[PDB]
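Student: Chain by chain, the residues run as shown.
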Amino acid sequence: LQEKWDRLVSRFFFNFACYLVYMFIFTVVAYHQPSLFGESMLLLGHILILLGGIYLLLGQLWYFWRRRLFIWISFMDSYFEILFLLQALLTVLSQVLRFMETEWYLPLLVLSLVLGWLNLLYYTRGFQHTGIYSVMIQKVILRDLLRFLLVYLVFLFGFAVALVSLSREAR
Amino acid sequence: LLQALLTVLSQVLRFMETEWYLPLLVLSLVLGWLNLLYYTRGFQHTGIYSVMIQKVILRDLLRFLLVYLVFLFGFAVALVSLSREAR
Ligand SMILES: CCCCCCCCCC(=O)OC[C@H](COP(=O)([O-])OCCN)OC(=O)CCCCCCCCC
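Going line by line, the protein sequences match chains A and B. Those letters in the first sequence? Residues 382 to 417, 429 to 563, by the entry's author numbering. Residue numbering for the second sequence follows the entry's author numbering, beginning at 477 and increasing consecutively.
In short, the hints are calculated from the structure, not lab data. Among these hints, one or two may not hold up.
[Claimed, not checked] Among the chain B residues that face chain A by a calculated CB cut under 8 Å, a handful are:
hint: 1; residue: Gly508
hint: 2; residue: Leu512
hint: 3; residue: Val543
hint: 4; residue: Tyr544
hint: 5; residue: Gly550
hint: 6; residue: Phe551
hint: 7; residue: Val556
[Unchecked claim] One side only, chain A facing chain B, incomplete, derived with CB under 8 Å:
hint: 8; residue: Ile406
hint: 9; residue: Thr408
hint: 10; residue: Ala411
hint: 11; residue: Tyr412
hint: 12; residue: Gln414
hint: 13; residue: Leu417
hint: 14; residue: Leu500
hint: 15; residue: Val506
hint: 16; residue: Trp509
hint: 17; residue: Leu512
hint: 18; residue: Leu513
hint: 19; residue: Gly518
hint: 20; residue: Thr522
hint: 21; residue: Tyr525
hint: 22; residue: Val527
hint: 23; residue: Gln530
Built from N, CA and C at the ideal position, the CB exists for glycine as well.
Extracted from the complex, chain A is given alone in its bound form:
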């Protein structure tokens, strides 16, 4: 597997560079959105976003068709692909809401940008130090964070209702 990785690391970093360029183009267009030569350039950028989103969606759908049982077998090894699916369809969906000229095309684009920048952590498995780092971020800390969030949300809701009900009476 070390020999196979040493032979395929050039394609790994090529995919990394393509994804980084796609997110740079997606960031530039989202930064220059109009109020809801420059217009033609923005339309070309939106076309490039739609093409990249369709490409990512088709690739992820092919992966899910080939590896349908892998999600049920191991969620902690097939979750980035899920994320690589999700924002991808969001990348499509917002553009659909751009075609209909509605209000909610911009929040979907913003969530697509955020989830795309969180999806850049996949390629950190290409290096050994960041690869060991990325193991802890979803394996051990996650269950503790979910139980802590559950207890904190219970306490927060109870105390919030308490201070709401107690502060209504004036002096």
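Following the hints, position chain B with the ligand against chain A.
Tutor: Chain B with the ligand alone, transformed into the frame defined by chain A:
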């Protein structure tokens, strides 16, 4: 070396009477005060202390800074693009 040439360079910018001689002097002062930690190797307790400040914590801090800068830039662009529309 670095602040030392800065210590020269700012004075050169003092000879030419330009604007940027003061920021270079300030960075020279800051880097000079951070260079005082070398002589802490002259004592055993501070000498053991100075090992951890560049050996183990440094790589973790660089990878943390990389991930934090990625997240910070992405979220900053998100809140910039989302807050332009008024109520
Ligand atoms: C006009 C039609 C052209 C079709 C061919 C385009 C060239 C192929 C692009 C490509 O290499 O896609 C791979 C890249 C990473 O996905 P992943 O397999 O690592 O998935 C891993 C998931 N875990 O995925 C992406 O980066 C998607 C970006 C789409 C635009 C590419 C722009 C290239 C600029 C040079």
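Student: Now, for every hint given, state plainly whether the structure supports it.
Tutor: Now for the hints, and whether the structure bears them out:
1. At about 32 Å, the closest approach between the beta carbon of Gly508(B) and any beta carbon in chain A exceeds 8 Å, and the interface hint on this residue is violated.
2. Taking 8 Å as the C-beta contact cut-off toward chain A, the hint placing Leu512(B) at the interface is violated, the least distance being around 31 Å.
3. For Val543(B), the interface hint holds, since its Cβ comes within 8 Å of a Cβ in chain A; the closest pair sits about 7 Å apart.
4. Restraint check, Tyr544(B) versus chain A: the minimum CB separation of about 12 Å is more than 8 Å; hint violated.
5. Of the supplied interface hints, the one on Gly550(B) holds, with its beta-carbon coming within about 3 Å of a beta-carbon of chain A, less than 8 Å.
6. The interface hint given for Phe551(B) holds, since its Cβ lies 7 Å from the closest Cβ of chain A, which is under the 8 Å cut-off.
7. Satisfaction of the interface hint for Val556(B) is found here, the shortest Cβ-Cβ separation to chain A being roughly 7 Å, below the 8 Å cut-off.
8. The interface hint given for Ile406(A) is broken, as the beta carbon of that residue sits about 13 Å from the closest beta carbon of chain B, more than 8 Å.
9. The beta carbon of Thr408(A) is positioned within 8 Å of a beta carbon in chain B (closest approach about 6 Å), and the interface hint is therefore held.
10. The interface hint given for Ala411(A) is met, as the beta carbon of that residue sits about 5 Å from the closest beta carbon of chain B, less than 8 Å.
11. Taking 8 Å as the C-beta cut-off, the interface hint given for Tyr412(A) holds, the closest approach to chain B being about 6 Å.
12. Hint status for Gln414(A): holds, given a least beta-carbon distance of 6 Å to chain B, under 8 Å.
13. Because the beta carbon of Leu417(A) sits about 6 Å from the nearest beta carbon in chain B, less than 8 Å, this interface hint is met.
14. A least Cβ separation of about 11 Å between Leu500(A) and chain B goes past the 8 Å threshold, and the interface hint is therefore violated.
15. Using the Cβ-Cβ criterion of 8 Å, the hint placing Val506(A) at the interface with chain B is satisfied: the shortest such distance is roughly 5 Å.
16. Taking 8 Å as the C-beta contact cut-off toward chain B, the hint placing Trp509(A) at the interface holds, the least distance being around 3 Å.
17. Because the closest C-beta pair between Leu512(A) and chain B is about 6 Å apart, less than 8 Å, the hint holds.
18. Because the closest C-beta pair between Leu513(A) and chain B is about 7 Å apart, less than 8 Å, the hint holds.
19. With a cut of 8 Å, the hint placing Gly518(A) at the interface with chain B is violated, because the nearest CB-to-CB distance is about 13 Å.
20. At its closest, the beta carbon of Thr522(A) sits 6 Å from a beta carbon of chain B; the interface hint therefore holds under the 8 Å criterion.
21. Taken as an interface hint, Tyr525(A) checks out: its beta carbon lies about 6 Å from the nearest beta carbon of chain B, inside 8 Å.
22. Hint status for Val527(A) relative to chain B: violated, with the closest Cβ pair at about 13 Å, above 8 Å.
23. For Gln530(A), the interface hint is violated, since its Cβ never comes within 8 Å of a Cβ in chain B; the closest pair sits about 13 Å apart.
Hint compliance for this structure: hints 1, 2, 4, 8, 14, 19, 22 and 23 are not met, and every other hint is.
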